[PDB]
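Can you read through this structure? Questions will come right after.
The complex is shown incomplete by one protein chain, all other protein chains being positioned as in the whole.
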Amino acid sequence: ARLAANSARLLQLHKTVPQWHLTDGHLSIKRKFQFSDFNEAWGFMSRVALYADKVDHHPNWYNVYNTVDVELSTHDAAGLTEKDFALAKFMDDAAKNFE
Amino acid sequence: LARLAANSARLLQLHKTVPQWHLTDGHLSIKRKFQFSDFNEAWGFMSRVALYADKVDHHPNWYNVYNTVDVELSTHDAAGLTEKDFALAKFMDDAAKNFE
Amino acid sequence: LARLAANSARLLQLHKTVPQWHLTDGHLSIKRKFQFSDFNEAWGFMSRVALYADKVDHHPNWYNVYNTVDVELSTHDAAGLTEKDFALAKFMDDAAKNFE
Partner (left out) sequence: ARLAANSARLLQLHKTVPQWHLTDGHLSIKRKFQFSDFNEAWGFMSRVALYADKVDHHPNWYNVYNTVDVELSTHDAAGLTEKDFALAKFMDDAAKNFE
C-alpha cells in the first residue's frame, strides 16, 4: 500500500528523480519530456513500453510530436508507491541518452 | 494545406468515412477513444499508428493509460481540421479493427 | 528449466498447439516464417512480440526483411527446446492472426 505525503520514504525516493514534480497532496508525480523530433520521442516511449509491461506498471502519458507528458501513480493503491519511482527512474535514464 | 470549414460539405463527406469519431466544438478537431484488452494490444496498435504518422508527417495527440488510447486529431499549422486528420483517423480505425 | 527431448511425448503434445511451425534437426528448435502485407504490419506484429518477450524474459531469433519476419526459437541456457519456446510460438501465432 500507499506511500504517505512528505513521508520519509517518499522524499528519500524522490531524491533520485529530482526533475519530477509532486502533485497536489503527494498523490502522484508529473514530468514533461522534450525530444528533438517525434522519432526520438518514440524511441523513448518504446523503451518505456517494454519495461512497463514487464513490471506490470503503466504510465499515464500524453504524446504530441516531440513532447511526452507523464503523470505516474499506483492506481490500485490510489497514490504513490515504490513502483512509481522505479518507473520514473527508468524513464529518466532512457531519456538521458537523447542529451 | 487549406484549413477545412465547420459543417462544410467536404468535411461532412470525409467524416462519413470515419463515423466512430466525435467532432469538437466546432469543428476544430476530431476525438475517439480506443479500448483494447490489455496494454500489449494497445501498444501493438500505437506502434503501427507511429509508423504511419512519421511517414505522412502528421501526428496524433493521444493519451494512453494501460489498454485505452484516447486520440484527438487536427492539423496544427492549419489550426483546425484538414484532409490529413481524416487520412489518419481512417488508418487508425483499420489498425484497430484487427483487434476485433 | 529442463531441456525437452526429441520426439518426446511432452514435446509432440505442445507442438500439436502450434502446428504451423517446423522442428529442426533434431528437435533442437522450431522455425516459422511470417508474411504480412507490408512492413507496417510486420512491425505492429514484432512490436507486440517484443512486449511479451521482455515480459517472460525469453527472446526470439528473428530476421526481418520488409514484410516477412523469420523466426527460430529455443531456450539458449537449455541448448534445445523447452516450455517457454512453445509459450512464445503460441503468442506469436495469435498476434499474427489479427492480420488475417
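The first chain written gets the first letter, and so on, giving A, B and C; residue counts start at 1 in each chain.
Assume a residue touches a chain if its C-beta (ideal position, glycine included) is under 8 Å from a C-beta of that chain, and two chains touch if they have at least 3 such contacts.
Trainee: Tell me which of C:4, C:50 or C:92 is the one touching the absent chain.
Mentor: Touching the chain that is not displayed is residue C:50.
Trainee: Decide which residue listed in A:20, A:33, A:42 or A:61 touches the omitted chain of the complex.
Mentor: Once the missing chain is taken into account, the touching residue is A:42.
Trainee: Which residue numbers on chain C touch the omitted chain?
Mentor: Per the touch rule, chain C residues meeting the hidden chain are 39-40, 43, 50, 53-54, 59-66.
Trainee: To test your reading of the contact rule: which positions on chain A touch the chain that is missing from view?
Mentor: The missing chain touches chain A at positions 38-40, 42-44, 46-47, 50-51, 94, 97-98.
Trainee: Even though one chain is hidden, which residues of chain B still touch it in the full complex?
Mentor: 50-52, 54-55
Quick note on the criterion: only the chains that are shown with their structure count from here on.
Trainee: From the mean C-alpha coordinate of chain A to that of chain B, what's the distance rounded to whole Å?
Mentor: About 26 Å, centre to centre.
Trainee: Taking the mean of the CA coordinates per chain, how far is chain B from chain C in Å?
Mentor: That gives a centre separation of 33 Å.
Trainee: Could you say which residues in chain C touch two or more other chains, in rising order?
Mentor: 51-52
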